[PDB]
Amino acid sequence: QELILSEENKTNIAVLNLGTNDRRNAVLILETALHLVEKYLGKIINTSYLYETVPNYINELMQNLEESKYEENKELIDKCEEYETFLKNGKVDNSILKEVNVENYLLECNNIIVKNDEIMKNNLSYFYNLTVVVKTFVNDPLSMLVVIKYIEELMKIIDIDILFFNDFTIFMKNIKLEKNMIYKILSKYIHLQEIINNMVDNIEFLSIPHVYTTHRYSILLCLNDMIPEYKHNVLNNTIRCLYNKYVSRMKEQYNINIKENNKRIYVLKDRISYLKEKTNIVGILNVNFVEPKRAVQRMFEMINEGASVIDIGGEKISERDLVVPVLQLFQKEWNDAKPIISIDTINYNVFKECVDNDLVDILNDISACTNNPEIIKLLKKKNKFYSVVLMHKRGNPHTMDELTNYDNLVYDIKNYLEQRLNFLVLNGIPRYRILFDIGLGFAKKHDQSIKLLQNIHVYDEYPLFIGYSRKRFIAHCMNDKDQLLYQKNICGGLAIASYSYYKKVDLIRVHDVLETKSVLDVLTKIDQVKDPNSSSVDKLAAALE
Amino acid sequence: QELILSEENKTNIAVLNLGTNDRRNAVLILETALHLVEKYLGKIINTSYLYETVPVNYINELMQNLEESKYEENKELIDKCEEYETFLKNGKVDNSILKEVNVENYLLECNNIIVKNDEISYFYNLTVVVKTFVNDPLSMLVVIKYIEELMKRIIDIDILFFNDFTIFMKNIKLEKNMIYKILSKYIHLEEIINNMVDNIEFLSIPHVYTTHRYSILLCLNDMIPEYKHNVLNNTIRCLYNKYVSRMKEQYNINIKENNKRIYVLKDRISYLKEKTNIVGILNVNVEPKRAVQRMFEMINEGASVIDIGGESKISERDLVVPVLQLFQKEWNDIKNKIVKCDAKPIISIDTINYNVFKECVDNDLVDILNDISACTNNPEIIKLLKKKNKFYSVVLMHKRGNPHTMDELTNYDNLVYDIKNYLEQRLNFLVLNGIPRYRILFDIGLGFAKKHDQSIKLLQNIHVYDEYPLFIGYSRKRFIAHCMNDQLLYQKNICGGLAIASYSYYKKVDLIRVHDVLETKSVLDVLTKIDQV
Ligand SMILES: Nc1ncnc2c1ncn2[C@@H]1O[C@H](COP(=O)(O)OP(=O)(O)OP(=O)(O)O)[C@@H](O)[C@H]1O
Ligand SMILES: Nc1ncnc2c1ncn2[C@@H]1O[C@H](COP(=O)(O)OP(=O)(O)OP(=O)(O)O)[C@@H](O)[C@H]1O
Ligand SMILES: Nc1nc2nccnc2c(=O)[nH]1
Ligand SMILES: Nc1nc2nccnc2c(=O)[nH]1
Ligand SMILES: [Ca+2]
Ligand SMILES: [Ca+2]
Ligand SMILES: [Mg+2]
Ligand SMILES: [Mg+2]
Numbered sequence: 005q006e007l008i009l010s011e012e013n014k015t016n017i018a019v020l021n022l023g024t025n026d027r028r029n030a031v032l033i034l035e036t037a038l039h040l041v042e043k044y045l046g047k048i049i050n051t052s053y054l055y056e057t058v059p083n084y085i086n087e088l089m090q091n092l093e094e095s096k097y098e099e100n101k102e103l104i105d106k107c108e109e110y111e112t113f114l115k116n117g118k119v120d121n122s123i124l125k126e127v128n129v130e131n132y133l134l135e136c137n138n139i140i141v142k143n144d145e146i147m148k149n150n151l161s162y163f164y165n166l167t168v169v170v171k172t173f174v175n176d177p178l179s180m181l182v183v184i185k186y187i188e189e190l191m192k206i207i208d209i210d211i212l213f214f215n216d217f218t219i220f221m222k223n224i225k226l227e228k229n230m231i232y233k234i235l236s237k238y239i240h241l303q304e305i306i307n308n309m310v311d312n313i314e315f316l317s318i319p320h321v322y323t324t325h326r327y328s329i330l331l332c333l334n335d336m337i338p339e340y341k342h343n344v345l346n347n348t349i350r351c352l353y354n355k356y357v358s359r360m361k362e363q364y365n366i367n368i369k370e371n372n373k374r375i376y377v378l379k380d381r382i383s384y385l386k387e388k389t390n391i392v393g394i395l396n397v398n408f409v410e411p412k413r414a415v416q417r418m419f420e421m422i423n424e425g426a427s428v429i430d431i432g433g434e445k446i447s448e449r450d451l452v453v454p455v456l457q458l459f460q461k462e463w464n465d475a476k477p478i479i480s481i482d483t484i485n486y487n488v489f490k491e492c493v494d495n496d497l498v499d500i501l502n503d504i505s506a507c508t509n510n511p512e513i514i515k516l517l518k519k520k521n522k523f524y525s526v527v528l529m530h531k532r533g534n535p536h537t538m539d540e541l542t543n544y545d546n547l548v549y550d551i552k553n554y555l556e557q558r559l560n561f562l563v564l565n566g567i568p569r570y571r572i573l574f575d576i577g578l579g580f581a582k583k584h585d586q587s588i589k590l591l592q593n594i595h596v597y598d599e600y601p602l603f604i605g606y607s608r609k610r611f612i613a614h615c616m617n657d658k659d660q661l662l663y664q665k666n667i668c669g670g671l672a673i674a675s676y677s678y679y680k681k682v683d684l685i686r687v688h689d690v691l692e693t694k695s696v697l698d699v700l701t702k703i704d705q706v707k708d709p710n711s712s713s714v715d716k717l718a719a720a721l722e
Numbered sequence: 005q006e007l008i009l010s011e012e013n014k015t016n017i018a019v020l021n022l023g024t025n026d027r028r029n030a031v032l033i034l035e036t037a038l039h040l041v042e043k044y045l046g047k048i049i050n051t052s053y054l055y056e057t058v059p082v083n084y085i086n087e088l089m090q091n092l093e094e095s096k097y098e099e100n101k102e103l104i105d106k107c108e109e110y111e112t113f114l115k116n117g118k119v120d121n122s123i124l125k126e127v128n129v130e131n132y133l134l135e136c137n138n139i140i141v142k143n144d145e146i161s162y163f164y165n166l167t168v169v170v171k172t173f174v175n176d177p178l179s180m181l182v183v184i185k186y187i188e189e190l191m192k205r206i207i208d209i210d211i212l213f214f215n216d217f218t219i220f221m222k223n224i225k226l227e228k229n230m231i232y233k234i235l236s237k238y239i240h241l242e304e305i306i307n308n309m310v311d312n313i314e315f316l317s318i319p320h321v322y323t324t325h326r327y328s329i330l331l332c333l334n335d336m337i338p339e340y341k342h343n344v345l346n347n348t349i350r351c352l353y354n355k356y357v358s359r360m361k362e363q364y365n366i367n368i369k370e371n372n373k374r375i376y377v378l379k380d381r382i383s384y385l386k387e388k389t390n391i392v393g394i395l396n397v398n409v410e411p412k413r414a415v416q417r418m419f420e421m422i423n424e425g426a427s428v429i430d431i432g433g434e435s445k446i447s448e449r450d451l452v453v454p455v456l457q458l459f460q461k462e463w464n465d466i467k468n469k470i471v472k473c474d475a476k477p478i479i480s481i482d483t484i485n486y487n488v489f490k491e492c493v494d495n496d497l498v499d500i501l502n503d504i505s506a507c508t509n510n511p512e513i514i515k516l517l518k519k520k521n522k523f524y525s526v527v528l529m530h531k532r533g534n535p536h537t538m539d540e541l542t543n544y545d546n547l548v549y550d551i552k553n554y555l556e557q558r559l560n561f562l563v564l565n566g567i568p569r570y571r572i573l574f575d576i577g578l579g580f581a582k583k584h585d586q587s588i589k590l591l592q593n594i595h596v597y598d599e600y601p602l603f604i605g606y607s608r609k610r611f612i613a614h615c616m617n659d660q661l662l663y664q665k666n667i668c669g670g671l672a673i674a675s676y677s678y679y680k681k682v683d684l685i686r687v688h689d690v691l692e693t694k695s696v697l698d699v700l701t702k703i704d705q706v
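Just so you know, the protein sequences line up as chains B and A, in that order.
Just so you know, the first sequence maps onto residues 5 to 59, 83 to 151, 161 to 192, 206 to 241, 303 to 398, 408 to 434, 445 to 465, 475 to 617, 657 to 722 in the entry's author numbering.
Just so you know, the second sequence maps onto residues 5 to 59, 82 to 146, 161 to 192, 205 to 242, 304 to 398, 409 to 435, 445 to 617, 659 to 706 in the entry's author numbering.
These aren't lab readings, by the way, just hints derived from the structure by calculation.
Hints should not be assumed to be uniformly reliable.
[Said to hold, decoys possible] Simulated coverage check for chain B against chain A, where a stretch passes if three residues somewhere in it have a Cβ under 8 Å from a Cβ of chain A:
id, region
1, 588 to 596
2, 669 to 681
3, 706 to 719
[What the hints assert, rightly or not] No more than 27 Å apart at the CA atoms, straight line, and that leaves these computed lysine-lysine pairs for DSS-like:
id, chain 1, residue 1, chain 2, residue 2
4, B, 681, A, 386
5, B, 388, A, 680
6, B, 716, A, 341
7, A, 355, B, 716
8, A, 680, B, 680
9, A, 680, B, 707
10, B, 716, A, 589
11, A, 681, B, 388
12, A, 106, A, 522
13, A, 589, B, 681
14, A, 469, B, 658
15, B, 658, A, 472
16, B, 386, A, 681
17, A, 583, B, 716
18, B, 96, B, 14
19, A, 461, A, 472
20, B, 386, A, 589
21, A, 388, B, 680
22, A, 681, B, 716
Just so it is clear, CB atoms sit at the ideal spot from N, CA and C, and this is done for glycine as well.
Can you make the complete structure from the sequences, with help from the hints?
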């Protein structure tokens with residue numbers, strides 16, 4: 005029916021998929037896609053990691092944008108009843124369009140697949165995937181597909210698909226819609303040329319769940335980040351059981367590791383970083408009757424020495450007055475290879491200032507955003523996203539050394555950080571921008587800092603940032658005296674940089690950049706093997722000769 | 005009962021097993037057995053590593091009161107041993123004077139003994169090959185039992213092979229005069306005979322347990338892996354391999370974890386691959412007191428070994453000896469603490485020159501020879517590695533040319549293995565000349581006739597020394613710099670080295686030779702601590 009045009013206010017759970025081919029810009033494309041979804045369909049309440057897979084224009088686009096009909100609510104939530112119901116597949120409101128049963132949908136899907144498996148063989161590459169969950173006002177899959185496709189076309206590089214829409218098992222075989230009919234929907238949601307019309311030659315049909323959901327690995331990989339316990343009526347198993355069977359088959363039947371080709375990504379500023387492929391040095395700038412010029416020159420010194428990131432903090446004279454001048458002075462000389479800037483603050487107003495004057499890229503929040511959850515709001519703009527380091531601790535520096543009793547040290551801390559991540563994600567922080575920090579020395583005995591490093595592998599799936607530099611637990615490892662201990666303590670840290678390099682820790686926050694960079698260069702050199710076969714080829718040549 | 009004493013000058017090959025249950029004194033004991041073997045039986049021309057398996083004052087006096095052998099000692103270096111070659115390819119030497127038995131009878135007689143035994161606790165094991173002038177295995181067992189007595205539980209010396217012979221003699225009784233007559237043939241005798310008559314009951318060749326005890330196969334595999342006696346189903350290597358795998362399949366044990374290969378730096382046991390020791394460099398190349416306080420400094424900073432050299445107008449000798457004399461004297465003053473009596477570093481001398489090493493060794497100034505020419509410059513130096521009651525350990529390093537030419541001598545058909553096999557044959561030459569295998573350390577010689585990429589490649593492929601005692605020197609060498617992207662370069666070099674310390678720690682390198690002892694010690698403590706669960 006034409007119920008489609010009713011303002012009768014409802015909320016649906018819509019799982020999307022976003023794709024692109026530009027490697028140099030995948031972030032800029034895909035995050036822009038996100039904003040539009042946030043602006044035109046409802047609220048992003050889950051994302052996956054950004055994955056790489058093998059199977083000036085936009086600046087002015089944001090200035091000239093149409094207002095949405097519905098209003099953008101930036102308020103923090105801690106639960107979403109709709110999402111909760113979606114996941115268990117309990118009853119949400121009935122489907123607008125007609126629903127096809129299990130067996131019909133199953134066969135009509137084989138139709139589209141073999142018809143494409145035929146085309147592809149007669150037709151004789162980088163893929164950047166990213167699932168999303170939307171809490172949507174939009175009334176039905178088709179209405180969404182329309183808006184989705186108008187969104188796509190506004191951006192012309207990008208392919209946005211619906212993967213799920215509530216429990217709905219919808220297959221529609223032949224679809225066409227009028228040119229004014231399209232305008233009517235696009236006006237139900239947007240306050241409104304040679305790009306509108308185009309949609310009619312497309313929009314040939316509508317499959318929910320999307321046809322290739324179970325079939326393309328990259329999809330099942332993203333959905334495993336978000337909704338692994340999900341079991342759609344169509345599907346024989348949960349997202350995770352499906353995902354896990356797919357992987358143990360590509361292994362047993364192809365003798366090939368699928369994760370070697372499809373690579374999890376995280377983002378510090380705007381560029382791609384492959385999870386576990388490099389240990390970035392994050393140089394510490396601790397501002398301490409303060410020559411800002413010294414500080415800004417130390418920033419340059421550290422850049423030269425090898426730092427990919429600068430972590431500034433001051434933690445009477447206020448913190449704001451200790452760091453903003455410096456960042457402004459720095460921002461200037463750079464306009465007279476650019477290092478990513480991290481601010482070590484828990485203070486909302488200081489980050490806001492820094493973020494409004496574009497002086498920083500990452501928030502380093504040692505309270506894991508629990509001092510002031512509102513700070514999470516500052517990591518979003520219309521067209522901007524900032525990344526964040528969440529660190530574990532207990533108490534403050536006066537009391538933390540005594541707050542040391544844990545039911546399960548390793549897993550308590552990991553779960554803690556996992557719940558924070560979920561919280562930020564549930565609030566539209568992109569999963570791939572959230573970095574984990576175990577907080578060495580913060581409410582841990584020395585043995586516990588070590589036990590934490592010993593068990594750092596529990597972070598294999600996640601972007602990891604750690605700070606050991608110059609901490610007391612290093613001294614605990616050892617078997657003019659004050660000068661020795663500071664020589665010993667820096668060298669001890671160098672051992673942890675080595676350990677970190679082998680454990681593939683993504684970022685290490687250090688005082689001594691020169692030193693750490695030397696260590697990491699030698700270790701990288703040793704690992705850079707020109708022929709990965711040579712050891713056994715050369716072994717055999719010697720047995721033969 | 006007297007063809008055993010026939011005047012016929014003979015040269016046989018014998019394989020011996022040496023065992024003791026004393027851990028604290030394993031080295032001292034087994035090496036004393038080795039001295040007596042060299043003195044009374046012939047020439048040691050092969051040895052295995054020393055192993056720890058799982059199934082003291084009088085020795086010094088003993089050494090001053092030993093009857094002379096009647097047979098010549100000859101320390102000259104040799105390059106080949108024809109008898110040993112024959113033994114290896116199962117060729118026939120002279121015919122046995124003891125009556126042989128055939129394979130069937132041998133095997134049957136062996137099983138009985140092993141059954142009669144299944145019917146009826162740390163071990164230190166070592167095998168030896170002896171080019172022996174002793175006429176026959178029974179005669180040899182007599183001399184061996186005398187040796188065992190001279191040393192007395206603390207030592208068991210068994211014969212494992214003797215030429216190609218297969219022998220099983222039950223119910224032996226040697227009349228007590230017969231023993232004296234045998235011992236007299238080989239020794240200038242000047304009480305304990307009566308013990309030996311009761312104890313020689315039978316004679317088995319091969320030894321019954323040769324092929325049945327893991328630790329024995331373990332030792333023989335180091336020495337004679339390709340050997341196949343008539344009585345054996347396979348070569349020593351195959352038999353060894355099949356024993357290892359039977360244990361993980363039929364029993365799921367993995368026997369390698371119960372049995373540890375050992376090397377020896379000075380006089381104590383080290384377990385191969387269990388610790389990365391720091392060797393602190395002392396280049397005198409100046410003032411004797413400044414150098415000795417630097418030695419003491421390095422001890423405090425964590426060095427287990429000090430490596431002193433005067434090479435890279446005034447003799448090498450004059451640079452190192454006085455420093456070593458002073459250090460030795462000062463160390464004797466600061467022995468008021470007897471907690472600082474067993475905390476003495478092992479002293480290593482970095483020299484290729486015989487005169488310098490000779491003086492050090494005569495004056496008990498050093499423990500280890502660090503020969504950067506792998507004893508090729510003057511192999512006579514190999515004689516100085518053996519005294520009557522002492523063995524010295526040695527580092528063998530690969531290089532080409534000399535300091536001016538080495539940077540040009542850089543072509544290798546197969547870098548990693550060329551160097552590996554080179555070191556392996558140097559070791560074969562030393563072992564052939566009676567140096568215990570477990571006292572020989574391998575060093576790839578980083579930076580000596582290697583381009584920086586070749587130095588790296590050697591470090592990338594360091595796993596090829598997994599079975600061997602490994603000593604490396606990366607410290608402050610040019611190639612570290614080739615890795616980076659004036660005092661800054663100094664600093665970068667030290668820090669780059671500490672990366673290699675890390676790598677060496679994980680690769681379980683046995684000794685690393687460093688200038689920066691304190692820094693290195695700090696890195697290794699931290700990595701060690703992260704490893705303690
Ligand atoms: N659930 C769905 N979501 C999006 N499009 C759908 C869905 N079901 C059917 N379609 C149809 O697919 C077309 C979407 O175009 P799209 O850009 O995704 O093609 P594509 O990029 O070639 O897809 P693929 O890469 O899977 O071949 C529309 O014409 C629409 O009718
Ligand atoms: N090849 C051989 N080497 C040494 N002894 C042998 C050999 N063949 C037979 N024997 C006999 O074995 C006995 C040697 O006793 P030995 O001290 O080796 O026993 P053990 O120390 O208890 O060790 P094990 O019982 O394992 O042989 C002597 O009776 C000797 O006659
Ligand atoms: N993220 C982070 N920030 C820090 N700031 C100060 C000291 N340590 C740390 C630390 O360990 N992690
Ligand atoms: N064994 C050994 N000795 C050395 N002496 C001087 C310089 N380097 C070295 C070295 O690398 N190894
Ligand atoms: Ca929204
Ligand atoms: Ca001899
Ligand atoms: Mg598509
Ligand atoms: Mg015995």
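Status of each hint after checking the structure:
As drawn, the region 588 to 596 of chain B meets chain A at 3 residues by the rule of a beta-carbon pair under 8 Å; at three or more, the given contact holds. Against chain A, the region 669 to 681 of chain B contributes 7 residues with a C-beta closer than 8 Å to a partner C-beta. That satisfies the three-residue criterion, and the hint holds. Three residues within the 8 Å Cβ limit are the bar, and the region 706 to 719 of chain B against chain A gives 6, so the coverage statement holds. Straight-line distance between C-alpha atoms of residue 681 of chain B and residue 386 of chain A comes to about 25 Å, which keeps the hinted pair within the 27 Å bound.
For a cut-off of 27 Å, the pair hint linking residue 388 of chain B to residue 680 of chain A stands: about 21 Å separates their Cα positions. Distance hint between residue 716 of chain B and residue 341 of chain A is fulfilled; the C-alpha atoms sit about 25 Å from each other, no more than 27 Å. A C-alpha spacing of about 23 Å is found between residue 355 of chain A and residue 716 of chain B, which places the hinted pair at or below 27 Å, so the restraint holds. Between residue 680 of chain A and residue 680 of chain B, the direct Cα distance comes to roughly 15 Å. Compliance with the 27 Å bound is thereby established for this hinted pair.
Restraint check for residue 680 of chain A and residue 707 of chain B: satisfied, since their Cα atoms lie roughly 20 Å apart, inside the 27 Å limit. Simply put, residue 716 of chain B and residue 589 of chain A have alpha-carbon atoms about 14 Å apart, close enough for the 27 Å limit, and the pair holds. For the given pair, residue 681 of chain A sits about 25 Å from residue 388 of chain B by alpha-carbon distance, which is consistent with the 27 Å threshold. Distance restraint check for residue 106 of chain A and residue 522 of chain A: the Cα-Cα separation of roughly 25 Å lies within the 27 Å cut-off, and the hinted pair is therefore satisfied.
Between residue 589 of chain A and residue 681 of chain B the CA atoms are separated by roughly 22 Å; this keeps the pair inside 27 Å, and the hint holds. Among the hinted pairs, residue 469 of chain A with residue 658 of chain B is consistent with the structure: their alpha-carbon atoms are about 23 Å apart, no more than 27 Å. Only pairs whose Cα atoms come within 27 Å are accepted, and residue 658 of chain B paired with residue 472 of chain A is accepted, the gap being roughly 22 Å. This hinted pair checks out: residue 386 of chain B and residue 681 of chain A have alpha carbons roughly 25 Å apart, not beyond 27 Å.
As the CA atoms of residue 583 of chain A and residue 716 of chain B are separated by approximately 21 Å, the hinted pair is consistent with the 27 Å bound. Distance restraint check for residue 96 of chain B and residue 14 of chain B: the Cα-Cα separation of roughly 14 Å lies within the 27 Å cut-off, and the hinted pair is therefore satisfied. About 14 Å separates the Cα atoms of residue 461 of chain A and residue 472 of chain A, which keeps this hinted pair within 27 Å; it holds. For the proposed pair residue 386 of chain B and residue 589 of chain A, the alpha carbon gap of about 24 Å is at most 27 Å, so the pair holds.
Among the hinted pairs, residue 388 of chain A with residue 680 of chain B is consistent with the structure: their alpha-carbon atoms are about 22 Å apart, no more than 27 Å. With a C-alpha separation of about 21 Å, the suggested pair residue 681 of chain A and residue 716 of chain B falls inside the 27 Å cut-off, and the hint holds.
The structure fails none of the hints (numbered hints given earlier).
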